[PDB]
Amino acid sequence: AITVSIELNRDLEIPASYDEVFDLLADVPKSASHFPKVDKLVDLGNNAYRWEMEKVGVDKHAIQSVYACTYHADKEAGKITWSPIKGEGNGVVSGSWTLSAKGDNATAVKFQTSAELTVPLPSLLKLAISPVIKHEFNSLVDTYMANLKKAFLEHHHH
Amino acid sequence: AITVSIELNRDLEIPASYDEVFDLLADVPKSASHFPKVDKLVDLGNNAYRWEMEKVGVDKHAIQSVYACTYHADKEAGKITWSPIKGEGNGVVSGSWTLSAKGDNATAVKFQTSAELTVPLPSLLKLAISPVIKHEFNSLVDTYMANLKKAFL
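Just so you know, the protein sequences line up as chains A and B, in that order. Count along the first sequence from 1, then add 1; that gives the number in the entry's author numbering. Count along the second sequence from 1, then add 1; that gives the number in the entry's author numbering.
Here chain A stands alone, though its shape is the one from the complex:
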C-alpha cells in the first residue's frame, strides 16, 4: 500500500589497503556483519543472498523489509555490483561499491544503492510516511559506512 523509492550515494576513505578493503566488501556475509539491524542473511549459493531486516514492530501491524540480490565482484576493475532477484520479498534492491587505492594503506570507496521498498501501510499516509522511511534508510547506511570505516582497527574485520 506504500512504495518508497530510494537512490543514494556515499563517499568515504577506509584506512586499509586496497586488497583488504576489496576482500571484505566482496565477502557479503562478512560485510553484512557491519550492517545494522539485519535479522537474517540467507546464503542462497551462487553469489545470491536474501536479506531479512529486523521487523517493526507489533504483531499483525508489524512490517519487515525482505529482499534478495545477486552479487558480482571484479577485483581488477575495482567494482562490486548487486542486482535484484525478481519476485522475492517486498524490496527491489541494486547497488555497487567502486574502490581504488589511495596509497598503500587506504582505499577510496564509493557506495551506491537504489531501492524500492513496498510496505503494507495506508496509502492515505504515503506523503507523510515515505520521508521517514527514507530518512531511516539513510541513517542505517550512514551507520554501515561508519562501521566499515572502523573494521580494520582491528585484527578481525567482521
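Take these hints with a grain of salt, some might be off.
Unchecked claim - Okay, derived cross-link-like pairs now, DSS-like style, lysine-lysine, Cα gap no bigger than 30 Å in a straight line:
id, chain 1, residue 1, chain 2, residue 2
1, B, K38, A, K127
2, B, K135, B, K80
3, B, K61, A, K41
4, A, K38, B, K127
Since the hints were made in silico from the structure, they are not lab data.
Got chain A sorted already, so can you dock chain B onto it with the hints?
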C-alpha cells in the same frame, strides 16, 4: 504504537432557538447523524454510546478509531458533556457543548473535545504521523460543525 493527543475548541452561532439547538445536540443519535465517516454508533444504554469510525486502510494493517463516551445533559445550565468509558476501543475522548441564548431565535455554541488516540503504527512514525491524525480529526470536526449549522435550516 503511537498515541496522538488532541485538544480543540470551536465557536459557532446557530440561527435557531435555544430549545431547538440544545435538543438536537443533546440527542446523540440525531446529532451523530451529522458527523462524517461514522461506521457505527452503538447504544450502550444509560446515555452511553460507542463510536466506530470508518477504517483506514486495508486488511490486517488497517487502523480504525473506536471510542465510547457517557453523555450528560443539563439544559438548565446550558451544558452537555461526555466522559470516556475506560477500556473501550483505542481512543479516550471527553468533551462538551456549552450553549447560551443570543435572543429568542439565535444560540451561541461552544464545542470542546479532548481526545487521546492510540493507533497501531510503528512508533518510528510518531513525529510525522501525529500532525496528520490531528489534521484529519480537525477536518472531521469542521465538517461536523458545518453539517449541524446546515441541519438547522
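Evaluated hints:
At most 30 Å may separate the alpha-carbon atoms for a hinted pair to count; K38(B) and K127(A) meet this at roughly 21 Å. Straight-line distance between C-alpha atoms of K135(B) and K80(B) comes to about 25 Å, which keeps the hinted pair within the 30 Å bound. Restraint check: the Cα-Cα separation between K61(B) and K41(A) comes to about 24 Å, which is no more than 30 Å; the hinted pair holds. Of the pairs offered as hints, the one joining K38(A) and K127(B) holds, with about 20 Å between alpha carbons and a cut-off of 30 Å not exceeded.
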